[PDB]
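Trainee: Listed below are the residues making up each chain.
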Amino acid sequence: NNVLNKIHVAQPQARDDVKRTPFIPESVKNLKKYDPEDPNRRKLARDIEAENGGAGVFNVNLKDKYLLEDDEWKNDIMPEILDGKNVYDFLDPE
Amino acid sequence: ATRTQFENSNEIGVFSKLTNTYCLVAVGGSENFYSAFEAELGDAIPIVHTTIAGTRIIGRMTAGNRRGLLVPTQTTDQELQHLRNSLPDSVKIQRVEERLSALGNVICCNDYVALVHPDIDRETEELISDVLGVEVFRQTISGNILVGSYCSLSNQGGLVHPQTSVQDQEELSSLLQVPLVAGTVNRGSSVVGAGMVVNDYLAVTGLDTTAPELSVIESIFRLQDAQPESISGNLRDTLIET
Amino acid sequence: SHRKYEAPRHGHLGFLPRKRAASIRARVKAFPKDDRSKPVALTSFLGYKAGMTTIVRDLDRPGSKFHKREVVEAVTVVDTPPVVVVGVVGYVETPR
Amino acid sequence: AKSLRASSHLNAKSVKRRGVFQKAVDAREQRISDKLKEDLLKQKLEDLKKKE
Amino acid sequence: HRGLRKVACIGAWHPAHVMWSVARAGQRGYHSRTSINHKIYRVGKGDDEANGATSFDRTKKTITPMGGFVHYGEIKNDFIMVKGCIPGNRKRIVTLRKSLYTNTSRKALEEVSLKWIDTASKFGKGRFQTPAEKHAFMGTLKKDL
Amino acid sequence: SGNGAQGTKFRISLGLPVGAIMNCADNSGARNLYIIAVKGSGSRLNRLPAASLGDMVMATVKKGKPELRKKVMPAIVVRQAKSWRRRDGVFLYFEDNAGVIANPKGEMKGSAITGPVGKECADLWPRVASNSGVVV
Amino acid sequence: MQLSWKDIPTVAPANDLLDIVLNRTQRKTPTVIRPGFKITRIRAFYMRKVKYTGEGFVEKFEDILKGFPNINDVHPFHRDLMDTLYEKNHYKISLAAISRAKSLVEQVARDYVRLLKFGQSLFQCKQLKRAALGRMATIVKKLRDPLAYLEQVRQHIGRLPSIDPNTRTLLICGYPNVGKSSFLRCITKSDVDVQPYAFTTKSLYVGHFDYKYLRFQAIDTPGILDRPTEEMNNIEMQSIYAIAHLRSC
RNA sequence: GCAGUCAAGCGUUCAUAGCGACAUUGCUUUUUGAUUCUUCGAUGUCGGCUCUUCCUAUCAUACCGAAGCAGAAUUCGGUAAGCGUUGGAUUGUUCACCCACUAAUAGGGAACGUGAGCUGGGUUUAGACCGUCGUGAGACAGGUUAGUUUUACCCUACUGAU
RNA sequence: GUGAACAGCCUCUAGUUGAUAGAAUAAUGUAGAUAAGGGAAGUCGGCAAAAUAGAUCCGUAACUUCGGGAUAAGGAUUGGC
Ligand SMILES: [Mg+2]
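So the protein sequences, as listed, match chains A, B, C, D, E, F and G.
Quick note, the entry's author numbering runs 354 ahead of the 1-based positions in the first sequence.
Quick note, the entry's author numbering runs 1 ahead of the 1-based positions in the second sequence.
Quick note, the entry's author numbering runs 1 ahead of the 1-based positions in the third sequence.
Quick note, the entry's author numbering runs 1 ahead of the 1-based positions in the fourth sequence.
Quick note, the entry's author numbering runs 242 ahead of the 1-based positions in the fifth sequence.
Quick note, the entry's author numbering runs 1 ahead of the 1-based positions in the sixth sequence.
Numbering-wise, the entry's author numbering puts 204 at position 204 of the seventh sequence, and it's gapless, one number per residue.
FYI, nobody ran anything at the bench for these hints, they're computed from the structure.
Within a straight-line C-alpha distance of at most 30 Å, the following computed BS3-like cross-link-like pairs (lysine-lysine) qualify:
#1 E/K287 x D/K52
#2 D/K50 x D/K36
#3 A/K417 x F/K10
#4 C/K39 x D/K43
#5 G/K142 x G/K88
#6 B/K93 x A/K417
#7 C/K66 x D/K3
#8 E/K384 x E/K364
#9 G/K66 x G/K142
#10 E/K333 x C/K20
Estimated spans, in silico, between C-beta atoms of each pair:
#11 F/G41 x G/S99: 39 to 45 Å
#12 A/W427 x E/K385: 46 to 52 Å
#13 E/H313 x F/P105: 50 to 56 Å
#14 D/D35 x C/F32: 19 to 25 Å
#15 A/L421 x E/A362: 36 to 42 Å
Cβ atoms here follow ideal geometry from the backbone N, Cα and C, with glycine treated the same way.
Construct the entire structure; sequences and hints are all you get.
Mentor: Right under this line is the structure:
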């Protein structure tokens, strides 16, 4: 009965009209399988890390991998303070 | 069904968060753990190096599904700003204030049904249902108090820790509407939620997780494309011994 | 006997004798060597120390556990007005 | 562990001085020597005002 | 008997001389010291207004705190901000040599970016950066009107 | 550091010396813990080995279950009440001393931890971070 | 312990086992005394040389007896490989000769320290030390024939393959030169020689494979001949208890 | 150590006079890891707090050698004293043994380091009780209680200052 | 006057202002204090110091020669108008 705890799966009893299905984004289904030994494959930023220094020395730009309407201000600096009353409390839409 | 190790820890759900439309990883040291998510997920979903309150344990502080992401109170303004820059607009990102900080131990959920700690306040229970777009149920797994550490979910199925009674499994599956098996991960760890991460098409677990334990996990989440989970009866021969 | 319990020495014998120095401006004992292809470069500069203050900083240190996090620490501020040249001295190498 | 003056590390540290860390100094000793040449040109312009 | 702030046993019967290394009493301080590997953060300029303003703060202020440094005037000159603690005290003269050898570690290569400079008053518990902050936070006073 | 401790332990102030009675936070069945030794300690004449936040110390139960009592077993400190330093600009301190008992691997014994666990401990031990209801 | 035996430190020959202990007490304990010294300093000098050397042989001998697997009450199979290969009579005699020798060093130490407190000068205390180290040397010179045997059994018991009798195995038995080495080579990752003659393997070679998410270990025999079914080589007798004890295919 | 088996050497010219090394063989309470909680009586006074130095006969770290060493973990040996070597429990005790951490808890000297540096716990006067001995005064370094700790301003050394 | 009081503290009548002084504030002292976290790990030994304390009300054990033990222990409260 203790091994039966690891055998007996449970059943939902189906308890609604509402239907609940798993979500897969279609770029996952469109995606090829990664292959370890291949002349052509994506870099996998381990290997971006590898060509300029080892493990502890490599400096990751946490930026340059995110979404904005203009790339030209991707590296700008949030001010985060003016005289009193830091800027994150004031900014909003409108 | 991939084995992956953070620096030398078999614990993965502590150190990473994985939903259907994004993934969250820590920043410690070097990009070996980040690469293994790019081996599986590809470019299809954003994967984010982030810290929560200047820590590395980002899988137990946050909680969410493909619709929303919840961070605790101690998340600083820069780190809250950093999450929205990476993730697209389809996700809602909202800071939640409570008594208890760690939302990962307290909220276990799929895209559809959530479970909460009993001591959580109803002014957050309203916010959880509104942001994540899910139902909320107040329940304990086998009289253990943290439903996020001791249970792991997806839309496919659910996995619980082996102290769960069989009477407790039949009651609790009516709430989650998914099949439930008692199991262990990483050679007999009771903490099944922290050991692994799982979404509807991928499971990433520790290196210490044995091949009988991957057979249970690959079954209940139905990781191959032609698995109806009924092959656990075919895989019952592994279960009687192990 | 044999001291029954070993313990490290108190004080550093390198800094002996502990005495008052000769002047309130300490002389420099040794200079960087000579890189004789480079342009002319003054080796040192002298100014007046003035207090202390705190600085926070986003630590850009790969490998640490405080990588990409903020660090508060203390700095000194030395008042350093410009300094004007009035003399030239040459030194001949002797076997003395 | 190995002490500060061991022959193994001091042979290892000598290679790094042949590589990256001397290039940053030789880049540094060119930028500072540029501003010291512009220290004379600002101070000769103020001497031209008194020549007027 | 006869004290507790001292060394109890100062020698043995042989050699019958007090050794040169037995921690006697005497002068403390006013020695000359060399402390190496101190890292410059900021080279400001006296003609440059808003020295204390970083790329973040955007508040026009000079590194001279409110009511100046304690026991010293105002930094209206060029200055070198360096981390740690230079030996010596305030209003004394220091001499800044350069590095004596090419430094190897990664700590001597990193580019800093200061996010906020403190300029609250050091003569007490400084709670305001600029005097414009204090008159904003206090409100108005009797002596103002 | 030692075995089971992931990453390095930064310098925080030494609050709990040898012979310090501290509360037992978890639901293991003990009430209080008595520090007798600190693993990963130094060696200096007449010092007392002092524990800190997030160290594995050997601790005997003085009051609790008689099963847990009269045997020495490891314990991880989770609350300090001595003022320590975070590297962002604040000094903070908790209300009392606290510890949870563990195996030498670094795994927890009970299911729950009441009260806040320190942030420095929660980065250090993942199994404490699994059972931590309240962090900071 | 079970399932393997590798944690046995060493065992030295009796000429070198004496040279280890006696040179150690010359280096550790002090050596410089004078007749002008007060006699209690003289007595406690020589009491310690009997006591510390007396502990010296015991700490060596305590490490031997704990480390050897205690062939009685392990497992009916693991007792029985050592029965054919290591000759249980000669195994149990030599390990008993050390335990007798361990008690006599404790005997000489606890007796001569009791006699050395009644010394009256340097000369009588010097005689009681030299007789004490000599009688400890006599017991170790008597112990030559056990220790020469136990070094050569320490090596192959380290090189025994790990088998668990409770786990699921399968035996592969037959004649010499059938192909049961060649079967084992393609079924698992193992280095078993496939040379075409009769007795290639001289020990029970083990290979490990997987079926339906399980660990199966496959055990090979040297191949056997029935010829009397009563008396047999040491090589071929290894098979029969590998057949008798192991409960599997 | 004794009782033996030898004989590499010696005995003025020499085997067998007389020794006689390395060897060798035997018991002194149990050839089958069972036991075996056996701590069988030291008759002049030191121990510890503080704090320096020195020896190497090296416990740990450095580089090596050999092994009857797969890896790991160890065992043995060489150079080496530059650098470290602890926290507690019972006792006046050193010693002794246990608990626990640690890379390791190495050994010794300096009047068995160290009193105008301390402590007075112990030892070493007078008071007093018990046990034995003595007809008695009293003895016992048998047991247990209570008991005065003095001086530097001098020369020199040494840390500082003209 | 405060208070149970000839206690301690301050004052009225009466008496004294005598005890070598001046300038500076190093070490070590003698006398008197405070200290973050832990609470005897110090030591021959809790030596010393800290803690408790006046008062009204509630409440008080083993034992006992029946008188005691006892302020046993322990717990609430205190100004002003
Ligand atoms: Mg063959």
